[PDB]
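Here it is, the structure in full.
For this depiction, one protein chain was excluded, whereas all remaining protein chains were kept in their positions.
Going in written order, the chains are labelled A and B, and every chain counts its residues from 1.
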Amino acid sequence: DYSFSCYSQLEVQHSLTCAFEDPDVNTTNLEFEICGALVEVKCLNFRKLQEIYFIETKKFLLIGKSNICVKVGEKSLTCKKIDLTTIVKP
Amino acid sequence: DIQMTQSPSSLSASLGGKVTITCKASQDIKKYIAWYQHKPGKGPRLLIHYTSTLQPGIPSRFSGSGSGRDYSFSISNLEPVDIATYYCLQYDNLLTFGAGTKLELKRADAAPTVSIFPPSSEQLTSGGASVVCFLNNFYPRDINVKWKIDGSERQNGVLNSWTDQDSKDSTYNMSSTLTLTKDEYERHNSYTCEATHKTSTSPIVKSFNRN
Partner (left out) sequence: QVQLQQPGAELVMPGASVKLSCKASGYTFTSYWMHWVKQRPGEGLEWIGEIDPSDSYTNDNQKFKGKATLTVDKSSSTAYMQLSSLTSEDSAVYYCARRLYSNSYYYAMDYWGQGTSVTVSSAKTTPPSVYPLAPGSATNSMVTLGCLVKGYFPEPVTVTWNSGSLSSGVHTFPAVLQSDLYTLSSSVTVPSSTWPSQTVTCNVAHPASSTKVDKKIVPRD
């Protein structure tokens, strides 16, 4: 499977990072997506770097559990629903 | 929550024509609107999602348009298979439906066929008596039935039931029932159901003498 463990930074720009937990993923053509608790659009796409996906946008509502999914093209690969206020790095 | 005012509530056009239904949201729903067809009995069926993007299997004669708060939907070359209701739906923050639009096919005027039926023997032996008046195949839908027992217009003890516009022939149907008691039924003689319709100046009169 393609599980992952995200962590967010926000003490007052709203940042959210997600790193794959599986050891050797191809990590090509697949992209992360964040839905729910957004302003203008219902879903927004991450940005890849090395093997970590990064989304930095102050348009977060910070309410409820937001849905982080992985898509390969237009089909979803896996999904999870996490509260962004609990995933905070030290 | 987001008020989706639909207009009109009911319309009618000719065979092969074009109809238009508008829907105005109470706020900017960002082009997140869909239109649903709803035939009697069966469940709804999606026609157009996201303002104007159609579904696989939906003919090209169903179009849509709109912006921000005002959207429109149109049906071209009306076929008799489109007699149903049509609902809106926003999906920007909630899921609010419109008031609906009853579509009706404008066919030629058809005179109502009237049929009268006295109560049965199995019913009269149980303290009841119901006379039945069927009015089948008639357009327009405006119909009025009146029960007359020996000339006296009876107002109490009437149960009416109409039908929707069936896709075939594009007509309507109606059934009136004069429920009584064995006593009050076996004390009179004539039982008429007079129908007032557009296709006739004089009311279509049908009765039966008990003798």
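Of note:
Everything below uses one rule, namely that contacts are C-beta pairs under 8 Å (C-beta built on N, C-alpha and C of every residue); 3 or more make two chains touch, one makes a residue touch a chain.
Contact with the chain that does not appear here is found for just one residue of B:20, B:22, B:167 or B:177, B:177.
Across B:14, B:27 or B:163, the single residue that touches the chain missing here is B:163. When the full complex is taken into account, the listed residue touching the unshown chain is B:115, out of B:14, B:26 or B:115. Within the complete assembly, residues 32, 34, 42-46, 49, 55, 87, 89, 91-100, 113, 115-120, 122-123, 126, 128, 130, 132, 134, 136, 159-163, 173, 175, 177, 179, 208, 211 of chain B touch the chain that is not shown. Considering the complete assembly, chain A touches the hidden chain via residues 33, 35-36, 42-43, 65, 67, 69, 71, 75-76, 79-81.
The criterion applied here is as follows: only the chains that are shown with their structure count from here on.
Centroids built from CA atoms put chain B at 51 Å from chain A.
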